Amino acid sequence: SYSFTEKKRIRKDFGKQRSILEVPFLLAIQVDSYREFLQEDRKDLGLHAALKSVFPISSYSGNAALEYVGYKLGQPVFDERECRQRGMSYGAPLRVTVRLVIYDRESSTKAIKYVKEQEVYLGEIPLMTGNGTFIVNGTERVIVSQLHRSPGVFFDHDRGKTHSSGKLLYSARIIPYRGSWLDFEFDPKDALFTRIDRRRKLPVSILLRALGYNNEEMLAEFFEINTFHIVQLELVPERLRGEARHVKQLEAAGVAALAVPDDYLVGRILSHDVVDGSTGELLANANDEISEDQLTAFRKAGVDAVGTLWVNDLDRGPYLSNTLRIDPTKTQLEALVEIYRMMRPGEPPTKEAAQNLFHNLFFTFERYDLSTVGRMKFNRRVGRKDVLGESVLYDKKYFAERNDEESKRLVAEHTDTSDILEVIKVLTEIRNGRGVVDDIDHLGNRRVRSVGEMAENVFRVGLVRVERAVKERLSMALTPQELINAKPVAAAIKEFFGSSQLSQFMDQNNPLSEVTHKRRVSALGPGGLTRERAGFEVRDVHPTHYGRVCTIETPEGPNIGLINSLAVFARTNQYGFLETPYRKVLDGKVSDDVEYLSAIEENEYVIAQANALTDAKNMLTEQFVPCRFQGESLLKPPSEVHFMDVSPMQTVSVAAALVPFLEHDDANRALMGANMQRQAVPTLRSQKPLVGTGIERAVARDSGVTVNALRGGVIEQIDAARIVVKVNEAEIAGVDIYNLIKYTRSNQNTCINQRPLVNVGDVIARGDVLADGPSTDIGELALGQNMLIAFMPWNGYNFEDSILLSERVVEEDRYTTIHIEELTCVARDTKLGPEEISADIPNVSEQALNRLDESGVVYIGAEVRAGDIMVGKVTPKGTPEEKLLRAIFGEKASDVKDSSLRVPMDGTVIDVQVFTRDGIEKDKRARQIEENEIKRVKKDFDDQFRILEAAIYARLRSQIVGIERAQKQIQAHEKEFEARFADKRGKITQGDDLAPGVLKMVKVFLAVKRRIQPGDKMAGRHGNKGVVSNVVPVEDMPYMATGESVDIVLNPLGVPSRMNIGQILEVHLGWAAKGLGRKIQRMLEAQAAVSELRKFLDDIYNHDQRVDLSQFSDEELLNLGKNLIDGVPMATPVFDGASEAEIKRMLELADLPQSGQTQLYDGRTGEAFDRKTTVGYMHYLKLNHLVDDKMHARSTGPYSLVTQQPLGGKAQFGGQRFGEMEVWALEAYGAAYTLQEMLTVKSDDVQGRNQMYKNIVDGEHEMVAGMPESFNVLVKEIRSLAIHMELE
Amino acid sequence: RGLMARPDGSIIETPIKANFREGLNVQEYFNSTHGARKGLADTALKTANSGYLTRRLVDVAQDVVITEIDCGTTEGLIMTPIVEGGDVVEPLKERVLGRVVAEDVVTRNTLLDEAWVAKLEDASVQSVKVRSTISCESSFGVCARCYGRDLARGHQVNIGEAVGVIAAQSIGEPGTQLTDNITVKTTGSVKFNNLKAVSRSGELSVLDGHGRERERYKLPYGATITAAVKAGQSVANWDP
Amino acid sequence: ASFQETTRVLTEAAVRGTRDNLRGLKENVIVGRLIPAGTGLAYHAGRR
Amino acid sequence: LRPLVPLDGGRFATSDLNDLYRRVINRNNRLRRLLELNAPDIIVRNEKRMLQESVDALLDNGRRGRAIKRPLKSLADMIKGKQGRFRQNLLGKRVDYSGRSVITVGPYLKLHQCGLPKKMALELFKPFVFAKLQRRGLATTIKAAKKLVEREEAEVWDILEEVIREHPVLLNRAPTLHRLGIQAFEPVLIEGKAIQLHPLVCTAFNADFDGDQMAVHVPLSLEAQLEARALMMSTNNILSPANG
Amino acid sequence: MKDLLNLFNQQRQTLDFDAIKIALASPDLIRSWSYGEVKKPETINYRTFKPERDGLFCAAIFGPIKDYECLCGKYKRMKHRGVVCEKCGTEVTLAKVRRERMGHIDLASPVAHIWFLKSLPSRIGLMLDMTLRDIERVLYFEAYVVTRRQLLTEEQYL
RNA sequence: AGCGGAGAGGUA
DNA sequence: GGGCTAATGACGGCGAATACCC
DNA sequence: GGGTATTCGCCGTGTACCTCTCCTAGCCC
Ligand SMILES: [Mg+2]
Ligand SMILES: [Zn+2]
Ligand SMILES: [Zn+2]
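Chains as they are written, first to last, in this note's numbering: chain A, 5 to 1292; chain B, 212 to 451; chain C, 1328 to 1375; chain D, 0 to 243; chain E, 418 to 575.
A few of these clues could be false.
What the hints assert, rightly or not - Calculated cross-link-like contacts (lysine to any residue; reagent style SDA-like; alpha-carbon spacing at most 20 Å): (1) A:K1280 with E:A525; (2) D:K79 with C:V1336; (3) D:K125 with D:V155; (4) D:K146 with A:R869.
Stated by the list, open to error - Negatives, chain C to chain B, calculated, CB over 12 Å: (5) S1329; (6) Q1331; (7) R1335; (8) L1337; (9) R1343; (10) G1344; (11) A1364.
Everything labelled a hint here was simulated from the structure, so no lab data went into it.
The C-beta atom is built at its ideal place from N, Cα and C for all residues, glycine as well.
Please take these sequences and the hints and turn them into a complete structure.
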């Protein structure tokens, strides 16, 4: 029932209710999107969709068509560690099979000659490493998700942005996937205006005339037209309501068409025109104001109905009539050339060119390409029943006159959809029928793009470039391999994966930071918003974010709200929207079924919150439950609810759930603590958190820094570098072997290590851990240590968020971290001569040359210091005594320059990597390390072959108890081992890839183990950051009544100011846990029985979730008691459990006080304090902001050549920028001579700084100031603008 | 903790009836982090606008330098205590202290100290003419007597001090920290100012026992006044 | 032309042909002379 | 004034003014070649239009033509703006004899004095240490004096302690919105890597003690030292510039 | 590249003035500013580290690359000053004059300054009493100008 | 061998 | 593989050209 | 000729510091 990892250690867990749904895979969305994009294992959507969309190519001269039947992804030529160490990219070749056919001209179409060029090389696709990372030039990059605007149609408005009036204007925008944007804007004079791609605005009458619509047809379709009589008119009972008893009397009477005088006809607009064949002229135009002469002509003609338009003040609006009155164009060709002149300014008009441009602007698949999610959003916003539709924008009048083959198929399925008139009519009913608008703040209005969609987009861009090349290349038609060019698609995929706003450098200092960086979503990007723009409307949280987007995990700085984090149970839907699970709630009892609802479907049903009490197993005993309907709180009876939350961890993310007592802390301090945990550094010995949550095991499992056993078995062969398991007959021919990484640098210059934890000869199951990773316990996540805390002011050393440390926290090496630096020595090729790595360097003493070998580089495992020469490199810089010295020696006497690699940070050298190019003779040390590598691979290949032969012989001995396949399997394993050894020997004997111009590269790994220093930044767990003031000996620290000295003395003044009190409960729970651990150690120190330990564990585990103690063993119970000798870890859920009574009971179980406050004595004078302070163990960690990285100074360094000023940054000896506000402060002081010697003498003047330096070193005082050189630069830059500036 | 506020302006119908000592629900924590994000965005834009206003005010007032010790300007400025219909904004003892006087209330061209402010408070003075920098007759500078005393030192301002950059920086200090019926509150005698009720501008100022003005209300046209007036009453009841 | 609309003040000074008398605080920082406020007032008194 | 920056492998970084100058020179040479050829009016009209557009892109790019994924800088953008030659090199300049470090709290210090690290003060007061080593006679040349400084014996600590005794330094907060963001202190040598500060100073600085860094500056002239002693000392700046 | 004898002398510039005058520049004054005329848009030749003659980076117009050195190498002494070499014509002087000297371009056709036209207080529009759109159409070669001040379409000009 | 333009992350 | 080779997710304040009937 | 009424542009929107990557690469042999 319990695995070996759970049997090793059991933590106490108390809460309100149990968890129904377990924690899913934390990195699932990226690997599922990349698996859907690759299609490595069909292949309907993904890369195959873009390959099927682009590759049909029709040439201009005909008889040239390109077809394909599929694509194959080749195996990578290098390993993951091979691309990590050598510097290559972990990519795979993409090969397609292009089929080229040639038709016969001036005859019927037939396949005259068809070829099939297999293995067409194009691009290299970087594969994932199983956790969401890929190696790009030796570095791991993480592409985060993008939260952009979903395609479709939206209706927005502006509040007081124009006309300075209370009336608001509406806007309709059609956002496609890869097409040109369409807009529909109103006008304060009641008119409609449209524009394409933010161009000059035009009325919609030009677009409707270019579509092919007449004014009479659009007036009959938009406005409801009534009839007239020859004057009289028809009576409408609904039209008389606008002008209740008179309308009811007219409805109950049932009147006919009554007579009406001519005073009602002058205020109307004619809908359709009237003509007379006897006269020969038009008696009335369409859509005009009626006059007396037009009425006289209509009476003389003898017309029956002239037509009218239903015009109201609020229910109806004559916007199309005013739009036709504004635009004077009445010709379709004039409208088309007006659209062509608005699109391309400064071009002569052409009929068929503008016709092809208007056809390719909106009504084609190669340019517009509206996606299916945009079609679904379009049909959901308009109100159509059908969901899936055409991928191109359809019109009823435009596609009716087309003669293409696809147009007849499109007109038969859509059957006059007319989406443009549908959008205009929906906007008209928004303006007139009093409809509601939607703002872009919901998670259903937004969409999530993963790495696969952006990779398919940049691959489609590269394929469009390749198609544009091949359309010219296939004009005169040879093999298809000479047509397809891999260079533009390779450059596009390299520019996407190398340098992009979505592909950034990751951090690998902590597993929690790795998990929250792979799960991070970001609204920035090429289609996203900018941080510099005013984005206050999107930085605030929306009620749709509950359950899908974490709210309290938000970085500090400019991007507060633009860079969000995904929730725990949140996942991506099939269309890209975010979804969260719920529970199916029947009337009464609640069924435990999981249904993932989208963001646009959660507002329709009443969803109850997770904070709902239940007396039975599944019921609702509350008359008013705290449910929500539209994101706000509501009190509803339980007979109307439909859904409920599955877990209280649904709101927070994986970085916000690991901090205990989140319900007792403020939101700002929780926001600080969720970001402070991502900067922790792994120490030498990591300790488990005494006050945890339970989600640390899922984060340590899904982080990937630890290894796990796929098949359980015997671990009888174990080493510090490799772990060999032996599977059983049920899981299995060869056994599995796991290689552990020992010492390699991460992306943040930290050390990662995998130390094993299993023993010799113990059975395991599938899923147990075998080696604890960096900053990782036996299955829990470990960030910091456990140490005594006292909240009291101590002589001003903990004054304002300052931290006091004892000598016992330093002398036991608790915060000692290992940092691995990368120092390289590059030997370029110059025109005067190539630089060598020789050890004989002039003007260098023997004290810096003893550590150098005969190769010129340093040994492995040599203690170096700051300024030591590690790699000796010389370069040639080019009287009869010099000729005599050159003739006495072998042309290596003089004319050399010393430029070697020095240490900037003292430590030992752990690895020396030497890279050489082909054609260069290898060094004896390079030959020696080559012999070492081939001996190592021969040794471990022989050991693996011996283990496989021993397993095969054991299976053969087990098979002959009661005969040929084991020998064939052993022969196949021997052939595979020989092929792998030949591949490794051929890989490590050839020259690596280098830049053009470098002959040799030497990389030296330097490992520095830094201790803790006064001034280092160290934060807690709840967001209480601090800086170490000084190191105090143990004799001055305050001690308790038993003699235990407190390590850290914190300040209690921050508690009422920052308003967080979860740290006090964490201190009390850590004090209770340390008391329980001391009681267990005191029980196991003497000769005690097993029953006393059993009843003590039964008392401290459950009190009446339920942990049985009579299940495992007696020896397993002794192992559990030995594992609990450092402390009993407690599990506190993020929004339930851990009340005051439970903490008081765990305090009262041991010999500990109830209030958690004991009286401690001062160590300096031996007297007693007046009050009792809170003493306990708090999980305190160390940040990455060191004191060595930030402390730097300079006197005189290098200067720039554009302007005579010092450089900037800690590197290259940069000076501090004396800003403008500091100059304002010095001018506020007065300070003429201080400000003159600050920006002229010290910084700008060339001769002035030399004169001041020599006057300092000589003793005399004669300061001569001068003009800054940047003023002369500004004068020379102004004079280049043909503007004379003279210094009179 | 009471009710929580939403950024659109509406208050939530249900409050948070739980402190940080007890547990908080998820619907209360949602409003808590909503208010926290609103406050963080508010102080970010406040810091940016304060920096821009500080830069603009520094670049506007940078030519004013104390050049001469005396100018000879007898224009003056009348100082009154600022009452905005409620509690006092700036009293007389803060607004008067630090500058010289123009007309005899006291001797002209004399720097005022705390003893002179205490003597004027014992004498119960209401308005004193002051010498300000808005009425100066200097050539490209401010007189040393019109500015008054320094703010860093309690003595007179020295000749050559740039009083523009200090003033602009002091105005730009707290920018990161920014955001019918006449019934009297305090007791004291009521003294009408500019009255004739047929009055265009009416001021219902009161005088306390020490001689300072605590309350000052506005009176519209046709305000009926009922009235050594005690507190808790209404001098002007209503005027619709 | 120090903080806003450098092109407009530059073309206005180019058309009008103005002459900067350096009687300020920021232009003495740009040119590189002493500040005419505080300890630098005696240098400006002795210069003119 | 417009130099080329080289990269690894012989490549050069791209420039903004050089491409505009090459475009102007190339279009002017094309106009001269079309004028010597006696071209018709349409071709020389289009060439003069291209010359006017290239001159417009050279003088003020981004106004009408916006010549280029990112628009390159011109002569007009190099003067105006925040990143121009007027705000980054004239009002605010990079200075030497300066450094920064984190700050802690020191309760044993006085109001007029502050702490300073040993290696930081050795790097800042290096010319005075060199002058005192030349005056004491421990080194004949400055090369032996520099090697004796990097050797780090006790005599260079004696020289550094004798130099820093009556020499004030200017401590500055990285935002300087306050008038009292720059104050002068007499530094002492501490055995650490941070800058200890008096607790009565950080109120006027508005500075906390969690990741706060403060840049220091040393005045080296006699007038600057006396100005820092007189009108920049922390004991002289008691009252606030806003109120009394 | 490296020079140590010229580096020791100081107090060469007094930098003492009273006022700063800014005005326009005549083409004769711009011609008197420069020292040479550029003709080719070539900065650095390929496969060699040498500047191009009559280019943007040239030694005959602005100054030599190395200090007290020519492009060919006929004069390699500090005693030679004010002498122009015969093969590649450059002065044997300090290498700091490359930061001070400038060149000029002879345009085949005159162009208009965009700082006097594109600004909203337009100076050429106020001096010629014309609107901004007319001068924008004339300067971009879309119409004609009579010489009294009216616009002309090319068909109307015909 | 020194002189640099973008993009990303983090601290006050 | 190789060496020359010429987008449309901001927002507010403000001075200047069109439209037009009296 | 002359007053409102929109309307197209012009011009701006905090400082200081610390890490990392990637830079014009394309083509017909
Ligand atoms: Mg701080
Ligand atoms: Zn005055
Ligand atoms: Zn020469």
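* Go through the numbered hints given earlier and state which of them the structure violates, listing their numbers in rising order. => Violated hints: 1, 5, 6 and 11; rest satisfied.
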